[PDB]
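Chemist: Following the hints, put chain B with the ligand in place on chain A, whose structure we already have.
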Amino acid sequence: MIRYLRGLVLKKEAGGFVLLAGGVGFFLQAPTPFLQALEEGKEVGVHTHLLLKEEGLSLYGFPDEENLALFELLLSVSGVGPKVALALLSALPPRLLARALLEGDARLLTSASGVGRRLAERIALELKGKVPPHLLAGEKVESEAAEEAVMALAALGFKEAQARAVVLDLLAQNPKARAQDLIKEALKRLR
Amino acid sequence: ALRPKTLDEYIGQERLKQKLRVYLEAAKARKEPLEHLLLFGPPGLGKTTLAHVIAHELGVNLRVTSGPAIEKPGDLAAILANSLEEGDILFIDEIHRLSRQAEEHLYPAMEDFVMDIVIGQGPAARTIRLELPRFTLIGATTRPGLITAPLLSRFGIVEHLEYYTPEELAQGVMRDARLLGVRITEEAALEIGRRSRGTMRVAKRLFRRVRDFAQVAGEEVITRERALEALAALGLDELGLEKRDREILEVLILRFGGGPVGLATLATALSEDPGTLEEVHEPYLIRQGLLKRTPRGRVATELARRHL
Ligand SMILES: Nc1ncnc2c1ncn2[C@@H]1O[C@H](COP(=O)(O)OP(=O)(O)NP(=O)(O)O)[C@@H](O)[C@H]1O
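Protein chains in written order, with our numbering: chain A, 1 to 191; chain B, 1001 to 1308.
Errors might be hidden in some of the hints.
Said to hold, decoys possible - List time: in silico DSS-like cross-link candidates among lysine-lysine, alpha-carbon distance up to 30 Å:
| no. | chain 1 | residue 1 | chain 2 | residue 2 |
| --- | --- | --- | --- | --- |
| 1 | A | 188 | B | 1047 |
| 2 | A | 159 | B | 1072 |
| 3 | A | 140 | A | 128 |
| 4 | B | 1005 | B | 1019 |
| 5 | A | 176 | A | 140 |
| 6 | B | 1243 | B | 1017 |
| 7 | A | 176 | B | 1072 |
| 8 | B | 1047 | B | 1017 |
| 9 | A | 176 | A | 159 |
| 10 | A | 130 | A | 53 |
| 11 | B | 1031 | B | 1047 |
| 12 | A | 188 | B | 1072 |
| 13 | A | 188 | B | 1031 |
| 14 | A | 188 | A | 159 |
| 15 | B | 1243 | B | 1204 |
Stated by the list, open to error - Looking from chain B toward chain A, a few residues come up when the C-beta cut is under 7 Å (computed):
| no. | residue |
| --- | --- |
| 16 | 1078 |
| 17 | 1081 |
| 18 | 1114 |
| 19 | 1117 |
| 20 | 1130 |
Claimed, not checked - Listed next, with one range per pair, are the computed distances between beta-carbon atoms:
| no. | chain 1 | residue 1 | chain 2 | residue 2 | range |
| --- | --- | --- | --- | --- | --- |
| 21 | A | 130 | B | 1119 | 54 to 60 Å |
| 22 | A | 40 | B | 1129 | 55 to 61 Å |
| 23 | B | 1129 | A | 79 | 44 to 50 Å |
| 24 | B | 1153 | A | 95 | 38 to 44 Å |
| 25 | A | 130 | B | 1153 | 52 to 58 Å |
| 26 | A | 78 | B | 1086 | 49 to 55 Å |
| 27 | B | 1035 | A | 171 | 57 to 63 Å |
| 28 | B | 1086 | A | 39 | 52 to 58 Å |
| 29 | B | 1119 | A | 95 | 26 to 32 Å |
| 30 | A | 130 | B | 1149 | 54 to 60 Å |
| 31 | B | 1048 | A | 160 | 58 to 64 Å |
These are calculated hints, taken from the structure and not from any lab test.
From the three backbone atoms N, C-alpha and C, an ideal C-beta is built for every residue, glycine too.
Bound conformation, chain A alone:
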């Protein structure tokens, strides 16, 4: 239910940390990497993952949707718990873990704290193939293809505005527009 949260890093820890979102001091565990790049006092967003139990409720935080994704997916397997999933996530980088998970590197998995011999195997055979659409490379947008379009246009002659004023109108009739397909199509209406 709780997936995202914003608040102060109130106080860190070995494998946990506390987020003062609202007026509530939430306590969530996270991967060492993420955990370290975490500094008390500054606001922060966290991709959380609730988790019931038989004695209480648990919160697990992550740097970005990607991570969260694996953590879940990971928990998806029978036998793998938060600790392990966390280990794996705390050991090798997501991207590399995504691949590994897909392909099935029970070898590479073992190669990481919480190093599970046969477990790394189950987790492997178990998610081979079953992994992942947009998850082999951390989603990251470059530059404003829009502006980027213009910027090109300007340097190609066309007085800025002339170029920007029609790049926009282009993104209108067609929101999807890689600078390329955008830029070109401008030359057309800029003949």
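Modeler: Below, chain B with the ligand alone, put in the same frame as chain A:
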């Protein structure tokens, strides 16, 4: 008046071909991209109509644009960015005269078909790329000498072009006798042939105006009598050399003497554009025992005076 584009229908030399017809055979031994073809030699000679035709015996349309006709450094980009069909040809006449850089953002379309656009404000950033299709480029030059910058490298094959003999041009003229209401004879047509200074261009000029002329439609016919008649007559000129040419010489020889002058004065005493002189008149003259360019200035070869 369109012409059935082919190579078997191309009146002209067989040398560039011995090293081009072969590569024209490569566009069928490898792919569609036949190395960048630059062209040399004097005007008229036949540049456009060459590839203008080459296209059809390849399978793609042709886009041709003059060099200097490029203001917006991205006008060619546009001439490259969507307008082709994976083969079309792009001809660039007077190519040797392009923007200091316009000719630089032309190399990308060399290696394959890109057009990386450098960009930055301070400190400069990355660099944009497009996706120009695979095409064949023809960039001819009227005066290559040393004006076709290192870009000669990017160009594929560099073959020259020269004048197409009294025969060859006269030859063409013949097939040109089948137009719209006119029959000319050979030997006669041979007359025309040698007044078209090894150039198809100057090889049709003579008649094109002949069309709307009084005392020529009544005697439409043209044999070696009218051929050299309404040619030495009101076609107003003897062996090529015509009016303005005679005038030039007349001033060159009469006013100044067979003596040297220099585009400087002469072009003015001829009340003419110095560039336009040495460029659109001085030519044939020289290449015909008449005009001689000397470090002292122009001068009249004897064969000019006595010639009249
Ligand atoms: N080799 C040829 N065979 C038949 N027709 C030709 C040939 N060369 C030129 N022409 C004709 O002559 C006209 C153009 O004259 P010309 O300037 O000599 O050639 P071009 O290739 O069009 N020009 P350029 O690129 O400046 O050399 C056209 O109407 C053509 O039909």
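Chemist: Hint by hint, note whether the structure agrees.
Modeler: So, going through the hints one by one against the coordinates:
1. For the hint linking residue 188 of chain A to residue 1047 of chain B, the alpha-carbon distance of about 28 Å falls within 30 Å, and the restraint holds.
2. Simply put, residue 159 of chain A and residue 1072 of chain B have alpha-carbon atoms about 10 Å apart, close enough for the 30 Å limit, and the pair holds.
3. Between residue 140 of chain A and residue 128 of chain A the alpha-carbon distance is near 25 Å, which keeps this suggested pair within the 30 Å criterion.
4. With a C-alpha separation of about 20 Å, the suggested pairing of residue 1005 of chain B with residue 1019 of chain B holds against the 30 Å cut-off.
5. For the suggested pair residue 176 of chain A and residue 140 of chain A, the alpha carbons sit about 17 Å apart, so the restraint of at most 30 Å is met.
6. Between residue 1243 of chain B and residue 1017 of chain B the CA atoms are separated by roughly 37 Å; this puts the pair beyond 30 Å, and the hint is violated.
7. Under the criterion of a C-alpha separation no larger than 30 Å, the hint pairing residue 176 of chain A with residue 1072 of chain B is consistent with the structure, at around 27 Å.
8. The straight-line distance between the Cα atoms of residue 1047 of chain B and residue 1017 of chain B is roughly 14 Å, inside the 30 Å bound, and the hint therefore holds.
9. Of the supplied pair hints, the one linking residue 176 of chain A and residue 159 of chain A holds, its CA atoms being roughly 24 Å apart against a limit of 30 Å.
10. Our distance criterion of 30 Å between C-alpha atoms is met by residue 130 of chain A and residue 53 of chain A, whose separation comes to about 26 Å.
11. Between residue 1031 of chain B and residue 1047 of chain B the alpha-carbon distance is near 24 Å, which keeps this suggested pair within the 30 Å criterion.
12. For the given pair, residue 188 of chain A sits about 13 Å from residue 1072 of chain B by alpha-carbon distance, which is consistent with the 30 Å threshold.
13. Using a Cα cut-off of 30 Å, the hinted pair residue 188 of chain A and residue 1031 of chain B holds, with the two alpha carbons roughly 29 Å apart.
14. Between residue 188 of chain A and residue 159 of chain A, the direct Cα distance comes to roughly 15 Å. Compliance with the 30 Å bound is thereby established for this hinted pair.
15. Simply put, residue 1243 of chain B and residue 1204 of chain B have alpha-carbon atoms about 18 Å apart, close enough for the 30 Å limit, and the pair holds.
16. For residue 1078 of chain B, the suggested interface contact is upheld, since its CB lies about 4 Å from the closest CB of chain A, less than 7 Å.
17. This hint holds: residue 1081 of chain B has a C-beta 4 Å from the nearest C-beta of chain A, less than the 7 Å allowed.
18. With 7 Å as the threshold, the beta carbon of residue 1114 of chain B stays out of range of chain A, its nearest partner Cβ sitting at about 11 Å, so the hint is violated.
19. Taking 7 Å as the C-beta cut-off, the interface hint given for residue 1117 of chain B holds, the closest approach to chain A being about 5 Å.
20. With 7 Å as the threshold, the beta carbon of residue 1130 of chain B comes within range of chain A, its nearest partner Cβ sitting at about 6 Å, so the hint holds.
21. Between residue 130 of chain A and residue 1119 of chain B the CB atoms are about 43 Å apart, so this pair departs from the stated range of 54 to 60 Å.
22. The beta-carbon spacing between residue 40 of chain A and residue 1129 of chain B, approximately 45 Å, falls outside the hinted interval of 55 to 61 Å.
23. For residue 1129 of chain B paired with residue 79 of chain A, a C-beta distance near 48 Å keeps the hint of 44 to 50 Å intact.
24. A hinted range of 38 to 44 Å for the beta carbons of residue 1153 of chain B and residue 95 of chain A is consistent with their spacing of about 41 Å.
25. Taking the beta carbon of each, residue 130 of chain A and residue 1153 of chain B are about 53 Å apart, inside 52 to 58 Å as hinted.
26. Checked against the given bound of 49 to 55 Å, the beta carbons of residue 78 of chain A and residue 1086 of chain B, roughly 53 Å apart, stay inside it.
27. For the pair residue 1035 of chain B and residue 171 of chain A, the supplied restraint of 57 to 63 Å is violated, since their beta-carbon distance comes to about 39 Å.
28. Evaluation of the 52 to 58 Å hint for residue 1086 of chain B and residue 39 of chain A yields a pass: the beta carbon distance comes to about 55 Å.
29. The hinted window of 26 to 32 Å between residue 1119 of chain B and residue 95 of chain A holds, with their beta carbons roughly 29 Å apart.
30. Hint check: residue 130 of chain A to residue 1149 of chain B, Cβ distance near 58 Å, so the stated range 54 to 60 Å holds.
31. A hinted range of 58 to 64 Å for the beta carbons of residue 1048 of chain B and residue 160 of chain A is inconsistent with their spacing of about 37 Å.
Against the hints set out earlier in the document, violations occur for numbers 6, 18, 21, 22, 27 and 31.
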